[PDB]
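Protein chains: 2
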Amino acid sequence: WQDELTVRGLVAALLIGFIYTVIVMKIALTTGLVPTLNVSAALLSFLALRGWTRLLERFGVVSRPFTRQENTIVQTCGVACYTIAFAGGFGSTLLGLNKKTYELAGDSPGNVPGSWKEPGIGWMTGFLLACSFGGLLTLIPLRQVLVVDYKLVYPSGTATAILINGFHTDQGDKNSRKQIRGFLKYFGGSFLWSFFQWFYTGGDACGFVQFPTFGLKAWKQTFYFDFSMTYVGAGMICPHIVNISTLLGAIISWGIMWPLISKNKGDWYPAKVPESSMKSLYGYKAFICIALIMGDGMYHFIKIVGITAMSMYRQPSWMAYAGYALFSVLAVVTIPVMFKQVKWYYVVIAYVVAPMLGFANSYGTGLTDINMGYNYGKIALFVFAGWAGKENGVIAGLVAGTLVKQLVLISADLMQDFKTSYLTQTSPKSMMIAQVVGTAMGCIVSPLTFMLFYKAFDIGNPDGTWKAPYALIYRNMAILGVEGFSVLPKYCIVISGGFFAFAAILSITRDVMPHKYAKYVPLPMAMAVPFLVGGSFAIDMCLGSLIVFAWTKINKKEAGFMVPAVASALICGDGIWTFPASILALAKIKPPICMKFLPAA
Amino acid sequence: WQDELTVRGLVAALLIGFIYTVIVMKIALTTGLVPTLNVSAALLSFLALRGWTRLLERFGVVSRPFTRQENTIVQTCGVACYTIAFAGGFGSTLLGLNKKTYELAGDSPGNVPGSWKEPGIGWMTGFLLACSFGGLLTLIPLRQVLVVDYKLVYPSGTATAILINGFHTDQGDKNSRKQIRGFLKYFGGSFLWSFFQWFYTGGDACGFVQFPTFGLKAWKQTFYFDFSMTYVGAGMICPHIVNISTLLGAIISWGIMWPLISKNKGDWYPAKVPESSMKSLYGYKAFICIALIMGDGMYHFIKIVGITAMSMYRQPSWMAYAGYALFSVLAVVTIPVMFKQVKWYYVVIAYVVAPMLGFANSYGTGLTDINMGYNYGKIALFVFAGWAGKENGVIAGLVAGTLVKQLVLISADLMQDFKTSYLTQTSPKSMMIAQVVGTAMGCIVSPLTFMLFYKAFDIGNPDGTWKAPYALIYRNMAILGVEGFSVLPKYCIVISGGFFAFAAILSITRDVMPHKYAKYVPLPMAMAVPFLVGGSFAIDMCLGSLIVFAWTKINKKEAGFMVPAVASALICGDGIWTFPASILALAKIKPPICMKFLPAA
Ligand SMILES: CC(C)CCC[C@@H](C)[C@H]1CC[C@H]2[C@@H]3CC=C4C[C@@H](OC(=O)CCC(=O)O)CC[C@]4(C)[C@H]3CC[C@]12C
Ligand SMILES: CC(C)CCC[C@@H](C)[C@H]1CC[C@H]2[C@@H]3CC=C4C[C@@H](OC(=O)CCC(=O)O)CC[C@]4(C)[C@H]3CC[C@]12C
Ligand SMILES: CC(C)CCC[C@@H](C)[C@H]1CC[C@H]2[C@@H]3CC=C4C[C@@H](OC(=O)CCC(=O)O)CC[C@]4(C)[C@H]3CC[C@]12C
Ligand SMILES: CC(C)CCC[C@@H](C)[C@H]1CC[C@H]2[C@@H]3CC=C4C[C@@H](OC(=O)CCC(=O)O)CC[C@]4(C)[C@H]3CC[C@]12C
Ligand SMILES: O=C(O)[C@H](CCN1CC[C@H]1C(=O)O)NCC[C@H](O)C(=O)O
Ligand SMILES: O=C(O)[C@H](CCN1CC[C@H]1C(=O)O)NCC[C@H](O)C(=O)O
Ligand SMILES: [Fe+3]
Ligand SMILES: [Fe+3]
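Chains as they are written, first to last, in PDB author numbering: chain B, 45 to 359, 393 to 678; chain A, 45 to 359, 393 to 678.
Be aware that one or more of the hints could be misleading.
Copies of one chain are not kept apart here, so a pair can be met inside one copy or by any two copies together.
Listed next, the in silico BS3-like pairs over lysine-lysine satisfying Cα-Cα at most 27 Å (straight line) [claimed, not checked]:
no., residue 1, residue 2
1, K544, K144
2, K261, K665
3, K634, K222
4, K222, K633
5, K544, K222
6, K229, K634
7, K630, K222
8, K144, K229
9, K143, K420
10, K323, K544
11, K633, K229
12, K633, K218
13, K630, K218
14, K417, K70
15, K506, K222
16, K323, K261
17, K667, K264
18, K673, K261
19, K420, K161
Rather than coming from a laboratory, the hints here were simulated on the basis of the structure.
Just need the whole structure built from these sequences, with the hints factored in.
Given below as structure tokens:
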């Protein structure tokens, strides 16, 4: 109630949200490769408030103690502010509504002349306010099921909680000193390792990140080992079945399926169209991946509904969904006003499957630490574009894809904060207040921050500094999506439906068999992540589990309490370097050297 | 007397000498990059005899115990056999006497038509027998002064002794178990690290060995860090002043002198002639390096002579030099018979400065673990070629350079064995018997091994498989050396004479000042090694001393007895991989990938 919600925290979150919005917005409008900055926000939240308390002590002013619960509140409030900058599709979808992006796509069916909208402070802020708080209300019922009931470990949320607890621990114990000193040795090593790596990533696909540890043939199949301590640290605190399932999905997809499907580059799909398109080999990637996720996701979401339905029949949960319905109606009557191309029942369907789609992403983030929310928006954009003809089809796909992405992406990114608050013993109700305040500030700061860049500079020029590549890429997705499911490659629906059932069978197979065999069943939607990202992420995850397996065998006692600290330090050290690395890209300081790997030419 | 000199050891050394001769001879005649295989010979000496003892035990035959002293004898006998293969100039100097190499050099003054000699079993064996045992006799007086008196640490000899002792230790102690287990963890890590590195050294100047850790500009100045555990391990057991002096010489030479001298590429020396030549910027490299070594070397050699002369005036050593004089006379009356181009007093001068030149190389190897003997032969080849005119000048330089190199190179390589025998408590007299037997076998096996390659295949063809590049490179040195000291670049003698005095001043400055200031004086001839090799070797040496400095501060007790074992494991692990790496090059299996570093082009 108090000592967590403060005025200095409100001020500190507003600044940290403002700079991080500027960093995210500038990176989004130049390269579109927005990095993860949640770990950095926790550190700057600590330094800013600790500096303020000590500075006032220097001047004689006395202040309240700055505790870990308050640090969690400030970090969560700040994260919610700048998440809207990249979750709102400011560089991908909302910028694709430009007349400039409309002209770049060219003349084609679907791209009718009335498919452009210009940015403005008035409608972009009003667009965000109605839609952004929809994700927050769904978090209240999901918080109990996922964070504590399913015991999902959010590796980034767990690492941030251990980082924050270390900042504020003041007790001298036999283990507390060993936890901090072990954390600091690997935090500095991970930070310096990431700092050293930066000087050699000075080109397209070159550096320690693109390291062909098993050869160049395997590397082209995304079966290498990048020297990423984030994924190695993530795998250390993930259960072995999650890591093995991740490797199993990489072998099935990139080792078997994609070479086999690619053998029909002229028969099943056209060979002139580039890959990464919905028409050539990426329709398989995107639709099979979601079917695996939705196949597992639908089984689980029904199970909570079924368990709850039986419980009520035998006899604050409905408070949240009542509030969600109120915000649902607000968007239904408001979004079509801004976009005459968007019909009212499009929003209703978007807000009905949003609890469904948000649950799967939060469950997926709680397993593999990978937020897939922007992948859901691509599917929703494609589907909603096919739900309208050549008229009002591109705008409908872009706008409806933005709603689905925000509801899905916000839910997963902000459950990482509830895992952090769970470990820091922070009050959930004070967490939700920080949710709304940060979201409210984000829905205001981000549109004005975007417009200051937009009015001053020239964003969207293919030949220029401020080029937003994903504005046109998302625009071309909607143009392609105007044509219905016919443009998908041959047998794309059939195989996706098969993997939908295959994911559902594994989910049943794990809950019906005894626990003495249930622990060997792979998780279908941990398998699905390596369908879009390569197998390098899977290999890093399995290396971390290999480290923990060996460590547990060598010393059972020490590995019990030291693995989380070492894993968090690896995640935080790579996470903290993302802030100086972003400032370097902010000032256009490129790496000097490129570490290229060649076939002994 | 016994239990060290055995018949199975004689057999085992003969085989190990024979294969290693074949490996060295094939590598010398194809690339000329003969690697160090002394560490590998110790392991194969252990496995061959241990396998023999266990196999006879399997068949019921009983045999004498195989001890560490016998393992030292077998390794030393084997090393002496195959050292003659590359110390004898079979691919550099003796092969440069060919009519084929004579024709490749072309028509020029100095390259008179009578400057070729053809290989044969008769003269090549007789050439080796007279000259090879000259180096062995000089070892007896140098053994006391360098190994035990000056307390010089031979890092490769020390590492081999620790490797051999670990093989034969059978006592369970509080520390013996920790020494072996610590050694094995870093031996396997170093071996696998070198094995992993091999797949990416698949090109000219690319791999972890050519890693620009401080940038591409510093790398071209040879101021990078190669990931070599041999030099890192060598620096761990070398005193800090040796490592700091090595870094100081690299900064003075490659950081100051060579950029400054290179600013006169048209005024001081011609710009059309390539570098690495005695006429362009390598006359500075070679002559300043020897002057630093000879400046320090002459001060020391006089000091032993002065101390001994005073000791005798106040009142087996002369046994060795009496035998050396007898072998000296044998070569004086025999070498001019084979080579009418070589005069009798050329051999006398070569055999008089040989105790001098051998002492400096053994002292240098006892500090930095770098054998410079083949660098002495280049200087001796150049000087002796200028001591004869256009007539009989190229052959005189090549032959006399071969004598000087063998006397110098054998002395340094075989003092590494006396350090090994010192730590293994091996009898010096049994060591010297293994010296002669291995040398006698080497003087026979190597000429026949060479001729089998020579008769069967075509060695010396610039466009072919068996190309011996250094046969022509050494031939061109003698042709250039026919012209006297005039061809050396401008001010080469003046600067070399200055560094000769500067090296002598530091040697005096260290013996006359009190020990409380004498320990900060740099060693002039540890400084001289980075004049020819780059500063990457110096940086690796200093990193090893940095590791020991930190380890000593953190834990004084453990670093006392664990540093030699960890350092030896790093040296041995990289050393052992040299055997499989040579077999791969033996079968022409090239690395698949090249790790190239580019300026972000
Ligand atoms: C004991 C543990 C630490 C094992 C270490 C991992 C090995 C199983 C890996 C490390 C290096 C890998 C090799 C690295 C490089 C290649 C090159 C690759 O050849 C290429 O395709 C290169 C490009 C070309 O030559 O066209 C074939 C596989 C291979 C031998 C890899 C096979 C698997 C290796 C030996
Ligand atoms: C133990 C942990 C730390 C991970 C170690 C895994 C690797 C040692 C292995 C396991 C899976 C293997 C991959 C499994 C499947 C393939 C598919 C295969 O792909 C193709 O058939 C090529 C298709 C084409 O020709 O385009 C090539 C080998 C590769 C990459 C293998 C390379 C080596 C991998 C990554
Ligand atoms: C705390 C310890 C571990 C310090 C780590 C060593 C640093 C002092 C080194 C590591 C990386 C080095 C950098 C690596 C690469 C370059 C590129 C180099 O630029 C080039 O010349 C590249 C080629 C080109 O761009 O033309 C300038 C020096 C610099 C910044 C190096 C400066 C020194 C650095 C920062
Ligand atoms: C602490 C231990 C482990 C070694 C670390 C040493 C490096 C951090 C420093 C010390 C010496 C430095 C070098 C000292 C001298 C030079 C000479 C200088 O050479 C030139 O002036 C270029 C000449 C030309 O233009 O051709 C460039 C910097 C460089 C390579 C420096 C690069 C960085 C080095 C290797
Ligand atoms: O969204 C995308 O597909 C790409 C790459 C993936 N983004 C980066 C972070 C991730 C996401 O949206 O969660 N970003 C485009 C520009 C900006 O990220 C935006 O979405 O407005
Ligand atoms: O001698 C040389 O300058 C070169 C490179 C340096 N060698 C390799 C080992 C070192 C040496 O001679 O101690 N080797 C040429 C062929 C053969 O090594 C030989 O000398 O016959
Ligand atoms: Fe994005
Ligand atoms: Fe050589």
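Cross-check of the supplied hints:
1. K544 x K144: Within one copy only: 12 Å inside a chain, 64 Å across chains, cut-off 27 Å.
2. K261 x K665: Between copies only: 22 Å across chains, 33 Å inside a chain, cut-off 27 Å.
3. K634 x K222: Both ways: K634 and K222 sit 13 Å apart in one copy and 22 Å across, limit 27 Å.
4. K222 x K633: both (16 Å within a copy, 21 Å between copies)
5. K544 x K222: neither (48 Å within a copy, 60 Å between copies)
6. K229 x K634: both (20 Å within a copy, 22 Å between copies)
7. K630 x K222: both (20 Å within a copy, 20 Å between copies)
8. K144 x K229: neither (50 Å within a copy, 62 Å between copies)
9. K143 x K420: within (22 Å within a copy, 93 Å between copies)
10. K323 x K544: Within one copy only: 25 Å inside a chain, 55 Å across chains, cut-off 27 Å.
11. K633 x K229: Classified as both: same-chain Cα gap 21 Å, cross-chain 20 Å, threshold 27 Å.
12. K633 x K218: both (17 Å within a copy, 24 Å between copies)
13. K630 x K218: Classified as both; 23 Å inside a copy, 24 Å across copies.
14. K417 x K70: neither (30 Å within a copy, 82 Å between copies)
15. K506 x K222: neither (33 Å within a copy, 56 Å between copies)
16. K323 x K261: within (26 Å within a copy, 47 Å between copies)
17. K667 x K264: Both ways: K667 and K264 sit 25 Å apart in one copy and 21 Å across, limit 27 Å.
18. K673 x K261: both (15 Å within a copy, 18 Å between copies)
19. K420 x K161: This pair counts as within: shortest intra-copy Cα distance 16 Å, inter-copy 98 Å.
Violated hints, in rising order: 5, 8, 14, 15; the structure is consistent with all others.
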